[PDB]
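Okay, here we've got a single chain as structure tokens, the form deposited without the named molecule, with questions on binding and movement later.
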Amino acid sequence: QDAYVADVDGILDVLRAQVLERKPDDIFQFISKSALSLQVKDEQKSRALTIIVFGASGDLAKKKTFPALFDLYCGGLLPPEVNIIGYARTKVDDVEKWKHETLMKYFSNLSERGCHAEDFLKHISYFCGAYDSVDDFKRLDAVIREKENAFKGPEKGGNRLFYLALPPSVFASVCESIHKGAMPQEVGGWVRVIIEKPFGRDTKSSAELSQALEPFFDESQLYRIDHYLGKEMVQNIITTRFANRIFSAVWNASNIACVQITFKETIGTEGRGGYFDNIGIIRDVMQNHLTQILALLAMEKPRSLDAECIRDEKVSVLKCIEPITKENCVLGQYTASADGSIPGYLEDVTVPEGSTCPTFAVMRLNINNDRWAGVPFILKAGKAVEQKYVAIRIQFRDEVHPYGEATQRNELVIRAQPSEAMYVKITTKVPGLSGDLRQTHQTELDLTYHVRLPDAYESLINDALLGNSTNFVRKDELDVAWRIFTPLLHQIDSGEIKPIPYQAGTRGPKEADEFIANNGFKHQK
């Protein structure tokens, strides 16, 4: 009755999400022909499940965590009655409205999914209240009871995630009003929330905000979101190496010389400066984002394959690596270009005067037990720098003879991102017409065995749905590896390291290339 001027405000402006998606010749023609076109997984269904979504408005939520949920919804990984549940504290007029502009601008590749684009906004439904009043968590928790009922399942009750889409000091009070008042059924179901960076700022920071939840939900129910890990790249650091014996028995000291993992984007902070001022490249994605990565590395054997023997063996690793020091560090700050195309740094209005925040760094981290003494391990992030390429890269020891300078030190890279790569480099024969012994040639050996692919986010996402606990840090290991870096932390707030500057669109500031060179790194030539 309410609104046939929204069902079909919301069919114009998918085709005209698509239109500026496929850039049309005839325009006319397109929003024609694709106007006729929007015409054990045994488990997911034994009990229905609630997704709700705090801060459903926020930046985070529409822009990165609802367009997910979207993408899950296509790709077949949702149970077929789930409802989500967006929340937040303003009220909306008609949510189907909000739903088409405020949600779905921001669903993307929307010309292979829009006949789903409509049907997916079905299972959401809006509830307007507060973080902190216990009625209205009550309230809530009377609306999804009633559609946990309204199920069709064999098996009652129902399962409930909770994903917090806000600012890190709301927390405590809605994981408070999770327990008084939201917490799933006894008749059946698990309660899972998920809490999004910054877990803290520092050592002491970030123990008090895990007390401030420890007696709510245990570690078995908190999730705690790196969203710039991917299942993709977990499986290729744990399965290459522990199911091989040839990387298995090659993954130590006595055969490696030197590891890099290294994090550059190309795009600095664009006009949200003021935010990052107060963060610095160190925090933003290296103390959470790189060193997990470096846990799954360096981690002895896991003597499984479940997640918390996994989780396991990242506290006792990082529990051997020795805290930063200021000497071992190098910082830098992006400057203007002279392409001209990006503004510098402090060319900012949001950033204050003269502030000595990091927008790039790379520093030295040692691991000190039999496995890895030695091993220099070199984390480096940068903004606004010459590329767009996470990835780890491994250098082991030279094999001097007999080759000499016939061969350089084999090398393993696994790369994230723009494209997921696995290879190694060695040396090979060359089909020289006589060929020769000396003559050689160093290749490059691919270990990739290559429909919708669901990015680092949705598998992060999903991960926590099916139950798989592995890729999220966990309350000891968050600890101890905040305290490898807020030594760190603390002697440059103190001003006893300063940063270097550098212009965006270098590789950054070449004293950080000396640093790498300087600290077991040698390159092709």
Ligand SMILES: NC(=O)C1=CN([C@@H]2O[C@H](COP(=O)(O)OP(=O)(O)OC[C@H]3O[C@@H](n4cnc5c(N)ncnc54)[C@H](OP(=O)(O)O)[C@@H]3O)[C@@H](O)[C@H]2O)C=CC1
Contents of the next structure:
There are 2 protein chains.
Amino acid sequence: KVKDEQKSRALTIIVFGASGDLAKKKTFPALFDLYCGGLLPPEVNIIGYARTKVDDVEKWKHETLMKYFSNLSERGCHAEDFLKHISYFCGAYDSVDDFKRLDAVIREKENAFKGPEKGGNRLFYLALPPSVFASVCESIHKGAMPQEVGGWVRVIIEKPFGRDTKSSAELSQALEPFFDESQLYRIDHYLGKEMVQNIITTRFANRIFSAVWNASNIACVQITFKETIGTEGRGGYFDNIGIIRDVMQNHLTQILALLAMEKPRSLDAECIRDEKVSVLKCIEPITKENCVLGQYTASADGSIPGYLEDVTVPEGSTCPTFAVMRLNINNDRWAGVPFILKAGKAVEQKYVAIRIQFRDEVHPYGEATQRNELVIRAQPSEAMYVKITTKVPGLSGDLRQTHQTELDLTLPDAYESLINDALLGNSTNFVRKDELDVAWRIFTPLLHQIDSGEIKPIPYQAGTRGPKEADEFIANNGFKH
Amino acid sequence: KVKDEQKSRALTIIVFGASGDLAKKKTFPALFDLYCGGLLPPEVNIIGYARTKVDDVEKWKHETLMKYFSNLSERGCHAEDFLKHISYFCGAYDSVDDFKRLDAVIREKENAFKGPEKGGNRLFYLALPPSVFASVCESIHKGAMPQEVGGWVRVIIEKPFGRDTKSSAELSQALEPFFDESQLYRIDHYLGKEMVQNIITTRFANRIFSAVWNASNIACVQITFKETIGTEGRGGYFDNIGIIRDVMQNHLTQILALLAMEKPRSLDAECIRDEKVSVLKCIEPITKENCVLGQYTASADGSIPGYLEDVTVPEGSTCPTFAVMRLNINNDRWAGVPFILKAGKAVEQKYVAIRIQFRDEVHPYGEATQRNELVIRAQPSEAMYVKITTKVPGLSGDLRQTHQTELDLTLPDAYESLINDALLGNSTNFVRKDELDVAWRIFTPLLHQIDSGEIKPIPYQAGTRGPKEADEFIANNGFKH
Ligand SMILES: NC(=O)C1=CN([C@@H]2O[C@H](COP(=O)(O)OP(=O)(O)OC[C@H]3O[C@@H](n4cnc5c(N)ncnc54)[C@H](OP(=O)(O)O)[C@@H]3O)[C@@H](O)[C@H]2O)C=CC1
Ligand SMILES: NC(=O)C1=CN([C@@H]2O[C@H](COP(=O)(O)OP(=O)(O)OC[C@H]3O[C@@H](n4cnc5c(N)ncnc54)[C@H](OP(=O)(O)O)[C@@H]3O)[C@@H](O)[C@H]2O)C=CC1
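I would like to compare: after the form deposited without the named molecule, may I see the structure of the form deposited with the named molecule bound?
Whole complex next, starting from this chain.
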């Protein structure tokens, strides 16, 4: 129903900052993949908008944009024909007159649309530093809103969404005069549709999983983000960010919210967003006593230079490349259950997954059983499985002769499916304004304690698991191997 | 540990009624299979005991017993060497002097045992009509008990265990002066170890299944025993028994007890038997309003003669070949949950299984989900699986695009493993004296109502599902397709 309406009205996608790194390496290639997948509607118009002068727009499309398209050998005809949908407007983000001129250009394309509904839908993409967001949103609101006869406007917001409670709220307050929460889409490129549907459907559609998704049945929950790569020579940019702002306050926290939320009143996006916010509001701010920090030194092989070795890293930096922490959710469903977030650079393997350990049934099987588990993995590939105890056929055939059995419960990438979600009006995986403020309030006191030097990272060789105090902390906070 | 002690002392197996149908067609071939499997200890002595004169015991072993052994082409050397363990005592079941003579014969074999412990273990098997049980048990107690220096005695009791509360209690009272409940083994040939371990381990070893095994989570439970065969020309013997005494009051009820029991204090056999009895005590007697009876007429193909067509069936018999019934378990775990027992001859397929339907999660998935299920099947082959709702990958990728997924949770036959259980001292799958009386009290008021004509069977063509009022009853008592 939603896709039929998508084809019934003109569509324009406006990429601000189209001259930039993100736009050419990620955003336009993602639109190309959606186009090749048949997920953009037939006469979509795509307008790059930036200050950089481009004297030859065809040359820019072919020599700059096209070289970042994947599988170009097999897709040359698609690439050439995708490029015909793309134009370039060289203009200022802060000019009323330029946005009237842009609006004229868009309306001409909209009024030529050969389908049945009038006006047009407009998706604006801010591939810009956040310091430019307020200015460009003001310009859109003044001069490039959809035609009165019809059409929605949506604006995709890039990160960072501030860097603490105060800075993030200032940015939200700067944009809310122009766009409400049905219009702003704050994107996390890494939250895939596959994982979210695994989290939501496997629990809420099923009595068996619904009934055990609580503190009476779950011993501990861990959400883990592991990478073998280090900061890859860009340690200077990472140094002002750190592992926690990088992936934990935003990416792992949204996964936690979807995992822990109460049942939504319906499967509508904003009902799910309401439940994300409601469960995050039950989390007290993380304490320094519940956080172990790491910072990676060079690998034993020598092939991974340590973090401090980077020329761009300020001498004696204490910025964390690794963190494990415990969050307490204080409500009926979760009180007493440890929620462990772990994220690390330059560790022993690449791996992103949820691991839920259920409480052991000590009686009557004793050592012939162990905790059941549920695992939802996204990297290095999708998997979802349950581990349980089953009988062993044959003999001596004692009831105590048991085995651990794995039950397996189980295309655009995550970024492409989120752009598609935005085009289809599905805000589920995007962070809402209230949701964002609650998440910053969970993490900012800890971040202030880190910036004050109250906590300092433990070194770990690149390629190891991380500091061994981290595994100690995990073992002391509910997890059993 | 138990098997090591089995090899440490002499063992004698005494088959009373060894001249009979059961002994030659089933019991001795089952001992042969256990011998071929390595489950009998090396110098086991087997003594057939009966009144029938046998002038040539080697001829009887080779021409009568051996022809019922399975796979005889591939096992000729095993069969010949198994037969050397077998002797025959022609004697009376009611003679003190004969049992002194039998005891002498057994003691000579026991005292020649080359292992470390003295005396010997004695398993007596009553392959006799139950009218002879009290006499032979009296003779054993008087004259053939194990030697004082060491050894247990066990006695396997064949069915029928009475035919109502009063007759069954009279038989129990007749045997209890001679053997207690650690010594009597009342055998149900059809209760396999594989199914029982599936019932017990899958639930009690696992938090996930333990937590949902109750009325808060289960909508209905059905236990089903289906056969395509009819009474096979022996309708006269079946006519005095009926489908309920045949398989429901005994076989399906023990499965129900294992399914519904509370957690046993340990995995010890008598702890499980205690819980079987305790849950059966919570069942009120079955009412005629909760029972649909059937009796099969001839198949449409003609190849299955109807039940009344049998020459041996009394004219105008109302004996049921089919029954569906609802049992109510009135305790905290099960109050309000329908338990449906179904058993039928000459129906559309051969099938024995447990089907547990969990309560639907109406919200939020609505018609995009359905009741989860757990199925434990024994016939026509073992299987155990769970049915749940999962996401469908790809697009349009709506949360409401779901699929029903089957999770698969998964050698002597059932009779052979029960003889082995008896030899190893494991009474789990055998009906205890108190257990039996409670089960007869659940069924006898209904059986009296049937014998009075208060309920009469509905005809159904052989090869169909049974009377359609039966499927109506099932649908009206909690089950949804
Ligand atoms: N892979 C990436 O690059 C990642 C970046 N992001 C976020 O996406 C957004 C874009 O990232 P990225 O492309 O790397 O950033 P850039 O520094 O490359 O800026 C993108 C474009 O924005 C314009 N721009 C830069 N600075 C200013 C300024 N002071 N005033 C006006 N315009 C400016 C420039 O275009 P012009 O001069 O032509 O107007 C520039 O080409 C950022 O918010 C970033 O934090 C998130 C995921 C990863
Ligand atoms: N497949 C089967 O046969 C099934 C039978 N059962 C039960 O197993 C037991 C044996 O069954 P089955 O072999 O068919 O029964 P039978 O009628 O064949 O009797 C078995 C032996 O017991 C002796 N016997 C029979 N009647 C008497 C009597 N009045 N007094 C003394 N001895 C008697 C006879 O041996 P002798 O004259 O040499 O002493 C007979 O050969 C029964 O309890 C039966 O209900 C359960 C499963 C299926």
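Only the largest set of C-alpha atoms that superpose within 1.5 Å between the two forms is called the rigid core. Positions refer to the first chain, counted from 1.
Peer 1: Only one of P80, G404, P431, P215 shifts by 2 Å or more at CA between the two forms when the core is aligned; which is it?
Peer 2: Comparing both forms, the shifted residue turns out to be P431.
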